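Following the hints, complete the assembly by docking chains B, C, D, E, F and G onto the known chain A.
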Amino acid sequence: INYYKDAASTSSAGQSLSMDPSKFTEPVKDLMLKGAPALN
Amino acid sequence: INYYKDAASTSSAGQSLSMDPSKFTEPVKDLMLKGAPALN
Amino acid sequence: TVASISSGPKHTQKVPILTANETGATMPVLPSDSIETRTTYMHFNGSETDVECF
Amino acid sequence: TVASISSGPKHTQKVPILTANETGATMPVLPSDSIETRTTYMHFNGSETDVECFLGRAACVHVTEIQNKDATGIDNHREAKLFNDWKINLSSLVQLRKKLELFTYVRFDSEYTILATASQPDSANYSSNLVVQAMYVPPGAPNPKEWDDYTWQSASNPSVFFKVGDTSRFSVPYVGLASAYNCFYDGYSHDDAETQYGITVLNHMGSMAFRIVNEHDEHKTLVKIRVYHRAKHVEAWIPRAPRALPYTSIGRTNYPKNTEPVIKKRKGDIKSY
Amino acid sequence: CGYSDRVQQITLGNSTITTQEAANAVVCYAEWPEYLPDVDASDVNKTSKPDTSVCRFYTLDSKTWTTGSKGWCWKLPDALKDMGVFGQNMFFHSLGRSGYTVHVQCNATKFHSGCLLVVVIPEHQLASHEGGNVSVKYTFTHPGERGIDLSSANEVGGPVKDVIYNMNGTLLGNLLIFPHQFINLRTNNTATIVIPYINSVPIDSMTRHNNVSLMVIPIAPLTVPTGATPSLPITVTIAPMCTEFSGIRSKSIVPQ
Amino acid sequence: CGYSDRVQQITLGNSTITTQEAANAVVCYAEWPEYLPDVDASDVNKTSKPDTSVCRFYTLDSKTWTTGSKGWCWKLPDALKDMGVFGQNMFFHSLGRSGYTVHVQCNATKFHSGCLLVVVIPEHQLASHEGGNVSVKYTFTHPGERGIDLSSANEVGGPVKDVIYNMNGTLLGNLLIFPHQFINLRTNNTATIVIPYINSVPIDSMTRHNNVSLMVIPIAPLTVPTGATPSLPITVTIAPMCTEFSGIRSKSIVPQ
Amino acid sequence: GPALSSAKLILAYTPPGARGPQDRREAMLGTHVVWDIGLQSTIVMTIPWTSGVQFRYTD
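Chains as they are written, first to last, in the UniProt record's numbering: chain A, 30 to 69; chain B, 30 to 69; chain C, 584 to 637; chain D, 584 to 856; chain E, 76 to 331; chain F, 76 to 331; chain G, 450 to 508.
Chain A with its partners taken away, still in its complex shape:
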């Protein structure tokens, strides 16, 4: 329960469970599957 009206008072959001490390680990145009030759 909040005691104030404006959003500056609300508490933190906790944790963002929506993870997606692909944008940083595999920022490649063509799809690369584990095991298959990276270049062919």
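One or more of the hints may lead you astray.
[What the hints assert, rightly or not] Cut-off 30 Å, straight-line C-alpha distance, at most; resulting in silico cross-link-like pairs (DSSO-like, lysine-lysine):
1) 652/D / 807/D
2) 145/F / 212/F
3) 124/E / 58/B
4) 457/G / 63/A
5) 212/E / 681/D
6) 212/F / 326/F
7) 664/D / 746/D
8) 124/E / 124/F
9) 185/E / 840/D
10) 236/E / 593/C
11) 746/D / 34/B
12) 746/D / 670/D
13) 185/E / 63/B
In case anyone wonders, no lab produced these hints; they're calculated from the structure.
Relative to the frame of chain A, chains B, C, D, E, F and G by itself:
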């Protein structure tokens, strides 16, 4: 009612009514009944 | 959440350990790709690694 | 719950009073097995005998003394008590250490209370309105070197600000790497002929560095910070024998030479009452 | 329907022990040893199970029980780290996991008197003889099949051998809280204690960390009949069970 | 659908080998190794399976391939009887059973020329150098990881090293009947041969009896380019598989 | 290196408890991955989690 989100804040659990002193008093392989000869 | 999957001996043409970092991609190679691993669970959520807590 | 059942004269071949302790079992022989008992009830639950209450009451577990003064010209500050640090150990006070050692493994989230009191034995017209900064130091966190070090920012190190006399109250989830604290560790941290025995990763939880952040007044205020601890979410395993000899160190069961007897000698022979 | 509770037979691998005056075997904390389930594993390498090769009764050198013997103490798996392939599986890895089925043997006639205390003390961290803040040196707490004789002289780095204080500051009368059994020469001659893996972690080192410690402490002094030899042999036999190892490694290097 | 037949990966236990110019692996007689079924067992003791501890790639000391090298010969499981816990499981029993996944390694550039003959000869009983009715002494045929260098001088009790006669009286050109593979520096640099257990019995001794023998015989002489080192390293890596042992015994006593 | 070069390397991971490998025969006993340098210029050896305790200290 809790005022905090993380489990470090909750109160104690009270009492664990689930008791089982057999593991400490009778940690024997074969079952021993009161009255019957312990060894035969 | 599963941490490491069960994997036995591997004799195949698919080599997940060989890649080319010239592409700039980090293949998510797991321990089950290089050795024989057992079934294990994470038992961890990562609440303290979020940017909101860090 | 029934305490004692009704039992009259017993003339049978089943002898519940005779057994063989060579088996290692403790037969739950009741008073109704040796005498004639009446129907009685327990009227008792045992809420205060639980490990959560036996080990889960706030108590003092460490203490130190420091000062807040004009620190000019004191090259070695920390060793001069311009700020003092204590390695977290539940084995420095004996009346709680014994209760904790009664078992081999204990898992608990902790509760800490840091008690500081202002005082001036020397000439001092008043007792300042201090604001004590209490800081948690995880393994690796820069063990501060001066009262004004680059650590007190506390960006990752937990900090709690509060005035002297009043106490902080922060909870700590179980910070062990195992499923419990190794109350007894019959093992070494690694294989070396010069390593320390028992005291290992399981023992070191970090340390608590005490100070004051207010700039100095005109006199030395020798502060004694007493630390109190309550155990929360207590779980115990592998009960052990009660502590008989006292301690000399933390985490070590080592005792002194020529220790004093613990058994109360009788006055007379074995037949005296 | 006629049987006996003192006649027991334990067959593990290719070893078989027989007894006719044994006491009800003690299962420490009513928990039989079991393989580490996947829901608790933290390491990633797969475990190897030398089920039949190492899970067998290994007989340790017998001890001489005299009228002045204080007791004996053994550490596990240290007591079996020089025994065949178990020692190699223990050294060549960084960690190990296995249960133990201890079997103490002490036979005598109906004229002898005495009582031995066979107790398993998990995490038996012993006390040093110098006090203050002295440590106990790895070279002593890990003897091997030799064990620790509580009647010998103390050496620099070996813990104190005051059997009264259990070598750790606890009284002898309080060791009964641990899983134990008495070998009463009039009633019992062989004790059996099935020891599971007891530790705060799913897996831990087996060379630097000994999970349990076996102790044989004579409570009642040995009173042999008139004209008999004032000595009785005590043979300790331990059999690993549910053994596991992870991370076959360059041999673990111990001193000597 | 795009892949390659020269890029292969073999993962056994905690060891992993990678190659990009390998030839189609040879499965000796199209029979993969399999555990001894009950319908053929003659011994009564139960077998122990150190699946993960011993079934891993053990890299043997590399050899130097010169313009005058005749070849090299290795005996199994002799070649791995001093390797970690496999050697102990091999000695401390009277018999053993296990397959082998041989992997020879010899890399070079596109300018070098030469061809190695990697062949597995089951029951390679070698010939003595003295003729008549002389025997070959156990001390030589069982070198260990050392192997037999066919270019060295003969010693009393070691078989003859005439690579032409395959050390047994058979011509080199006829060894191709056995499961083999050529390491052609222009086409292949790593050979792989999965060797199953080959013997007339369900189980036999593993210390006194070597089931198979690995040979690396250079057929075409090494012709290095002008100005290059006239030597190429040959690394042999063997991985046991489907290992079994029966009758844990007092250590097998070999000479030395 | 040059594309016309050939070389075989063995990356060996030694779990805790044993000293650092001083030779190749001692290194190859533990977790190792034989790297064949060819068209694939990069090798990816995942160091497996081999520990008794659930977590190790960063320091």
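Hints versus structure:
1. Annotation: proposed proximity of residue 652/D to residue 807/D holds, straight-line Cα distance about 14 Å (limit 30 Å).
2. For a cut-off of 30 Å, the pair hint linking residue 145/F to residue 212/F stands: about 22 Å separates their Cα positions.
3. A C-alpha spacing of about 25 Å is found between residue 124/E and residue 58/B, which places the hinted pair at or below 30 Å, so the restraint holds.
4. Simply put, residue 457/G and residue 63/A have alpha-carbon atoms about 22 Å apart, close enough for the 30 Å limit, and the pair holds.
5. Of the pairs offered as hints, the one joining residue 212/E and residue 681/D holds, with about 25 Å between alpha carbons and a cut-off of 30 Å not exceeded.
6. Only pairs whose Cα atoms come within 30 Å are accepted, and residue 212/F paired with residue 326/F is accepted, the gap being roughly 22 Å.
7. Between residue 664/D and residue 746/D, the direct Cα distance comes to roughly 19 Å. Compliance with the 30 Å bound is thereby established for this hinted pair.
8. About 7 Å separates the Cα atoms of residue 124/E and residue 124/F, which keeps this hinted pair within 30 Å; it holds.
9. Taken as a hint, the residue 185/E and residue 840/D pair is broken in the structure, with Cα atoms around 41 Å apart against an allowance of 30 Å.
10. A C-alpha spacing of about 53 Å is found between residue 236/E and residue 593/C, which places the hinted pair above 30 Å, so the restraint is violated.
11. With a C-alpha separation of about 27 Å, the suggested pairing of residue 746/D with residue 34/B holds against the 30 Å cut-off.
12. Our distance criterion of 30 Å between C-alpha atoms is met by residue 746/D and residue 670/D, whose separation comes to about 23 Å.
13. Between residue 185/E and residue 63/B the alpha-carbon distance is near 27 Å, which keeps this suggested pair within the 30 Å criterion.
The structure does not agree with the numbered hints 9, 10 stated previously, though it agrees with the rest.
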